[PDB]
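Shown below is the structure under consideration.
Here the complex is missing a single protein chain, while all its other protein chains stay put.
As written, the chains take the letters A, B and C, and residue 1 is the first residue of each chain.
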Amino acid sequence: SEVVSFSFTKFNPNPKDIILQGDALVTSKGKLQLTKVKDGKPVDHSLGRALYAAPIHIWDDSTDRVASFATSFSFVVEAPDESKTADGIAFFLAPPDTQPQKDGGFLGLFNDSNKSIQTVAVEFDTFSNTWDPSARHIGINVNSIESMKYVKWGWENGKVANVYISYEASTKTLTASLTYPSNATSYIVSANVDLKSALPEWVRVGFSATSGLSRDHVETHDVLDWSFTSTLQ
Amino acid sequence: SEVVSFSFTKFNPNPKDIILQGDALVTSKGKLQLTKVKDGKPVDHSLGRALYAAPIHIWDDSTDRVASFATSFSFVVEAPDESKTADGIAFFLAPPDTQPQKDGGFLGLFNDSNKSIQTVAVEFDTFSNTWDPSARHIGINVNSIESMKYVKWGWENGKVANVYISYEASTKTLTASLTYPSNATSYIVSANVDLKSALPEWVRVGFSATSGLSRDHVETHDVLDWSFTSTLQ
Amino acid sequence: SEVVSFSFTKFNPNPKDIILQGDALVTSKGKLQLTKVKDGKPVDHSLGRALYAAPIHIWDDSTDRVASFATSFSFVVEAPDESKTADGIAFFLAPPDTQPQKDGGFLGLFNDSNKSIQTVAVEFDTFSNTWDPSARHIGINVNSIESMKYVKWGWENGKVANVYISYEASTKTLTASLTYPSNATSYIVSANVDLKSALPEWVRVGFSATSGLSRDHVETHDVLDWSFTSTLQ
Partner (left out) sequence: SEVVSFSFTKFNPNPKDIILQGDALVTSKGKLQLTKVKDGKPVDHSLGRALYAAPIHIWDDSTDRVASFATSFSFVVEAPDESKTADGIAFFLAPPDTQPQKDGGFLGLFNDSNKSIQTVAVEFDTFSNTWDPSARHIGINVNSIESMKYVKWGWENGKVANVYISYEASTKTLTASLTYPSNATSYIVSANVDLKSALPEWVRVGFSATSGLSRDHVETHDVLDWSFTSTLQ
């Protein structure tokens, strides 16, 4: 068997075991700032991703086994105007050499063309695109910006959101939950996801986020902490 | 600091680090059978509880600190008739010397009289009593059979339910979630619970369950696995 | 499988998941004081033991498997006079209902009569009895006060000793090591121990210590911290 685990109470300003992509950076105070902020205000047309350094062995073709994993992180999405927000933040798995994809509604995870890339993600969508449901939502996405399953999400502006995500290999069940401690409000969505068929044997895990493509659709996407463990046997 | 953790993939037929109360027993196959089964059929007027041997330090008066904990267990509730079920199963914390309370709708956790006992529990209620909401539910209960918060629960007869419960001391947030891998269906409920004011410094953690008080309101309450960790600092 | 683990950075003055036996108590500062101290000076004819509350499943007759475990603790032995010391302190496993045995050189673990009790222990002996080697030693003991294997031990008066003990089930190897960080000095002893044949399926783990039987052979036996994990599969 192979177990791999890591836990940050906060992030290090120059983090060597976190690959920073796009505009992602860690603040002096140890927040993982996924999207751009200038003069303490979020900027549009921004995209940032962060991956853990060590690839995670999620399945093995030789032994035909699949990994079960669990991760918990807290994040904040703040927007100067509650009514106009975009685009969102997501936890995702992708091939180790994964690079930022389309910005805006694609969340830096997906793009177009039949050549849709291997990426499984739990997204926290704050903007209803043409492929979305009408209200803000938490979606389970499998190789597409369109969620296979989702649950309506009462986003709370600027409030800390605690997230727990677990994948049970034995039942191919991916579950994702969000709780705002502020008002003890929760949401959850689960889906049957075959990882072997959606992703390669090894993957990198992390976060991706994008601010909106207009000045009036901006917000922050900061990750405050992160714990993650995966076991393959 | 003090960390305490334990993990059973299944239970041992004669388990010395599990205190069995009432009719609770572990089957040869390693299932924690909370309620009575005779000829493979659940019997009425049954009550069983199971606690971990070692008390858990959840708060300390001297250092004024509170513990954060997390537990995951999978359970099955099977009833010969879908329409008539009772009463339920619950994960709970109570003083170390805790003993079974009222049966039936009280879930072996609570009883009557102003002398209501110290017990915090996440309950999986399958019968609507006079103090319940109308439909089956997952409730957060604080020193009362009446839930402070609850979420409607689409109970699936005989199907495995995976549960994750976490308490974040820093925000006094208790969250409880249920997912049926069978059909990737989920439910979640969270509540602000001050543990210091509801329970003593040390507690025992475990499960409690009761079958209905009539022959036509019977079901099983089996726990298949259990992991639990708590840290106090 | 079944995993069980606990970690104290220090002890709680009134510890509910530590069974205190004999004169053992935890000080206000959180030290596990195994032997008696009066006016800050160790007293003779003292014996104290401490066990973790939850029994540990070390082997299972049905599945014919044995547990692998590992524990680390730091301890101090202080004596007003370097030349005259007694008797020692030990980490040990014994049946769950284990009670203090003979004092003095028997370390509160063993006694006489063909009815020698089931107890495996790693002892830190500070007095050469008739059954001991001549110099102070770390011994692996299997159902006898006489060590099966030992290594000469350069005891450092009043200095912190860090101990790591591990049992590898697959090779029936018990290893015990001591390091004084003060002067980076180390000692180690290992032995082939069949746990199934020496102890029952379930056991309690902990510490035992005794001061000498004369006024001029006194010392303290304090445990400062303790971590312990055991897995059975």
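Basically, a contact is a pair of C-beta atoms (placed from the backbone, for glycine too) under 8 Å apart; a residue touches a chain by one contact, two chains touch by 3 or more.
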item	value
Interface partners of the hidden chain - shown chains only, full complex considered	A, C
Omitted-chain contact residue, chosen from C:5, C:126 or C:177	C:177
Listed residues C:14, C:62, C:185 or C:197, member touching the removed chain	C:185
Subunit A residues that touch the omitted chain in the full complex	1-9, 12-13, 16-17, 52-57, 60, 62, 96, 202
Residues in subunit C touching the chain absent from view	72, 149, 151, 160, 162, 164, 166, 168, 171-175, 177, 179, 181-182, 184-192
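Throughout what follows, only the chains that are shown with their structure count from here on.
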item	value
Distance-maximising chain from subunit C - centres being C-alpha averages	A
Subunit B and subunit C: spacing of chain centres that average the CA atoms, whole Å	37
Averaged-CA centre spacing for the pair subunit C and subunit A, given as whole angstrom	48
Whole-Å gap separating subunit A and subunit B, where each centre is the average of the chain's CA atoms	32
Residues within subunit A bordering two or more other chains	none
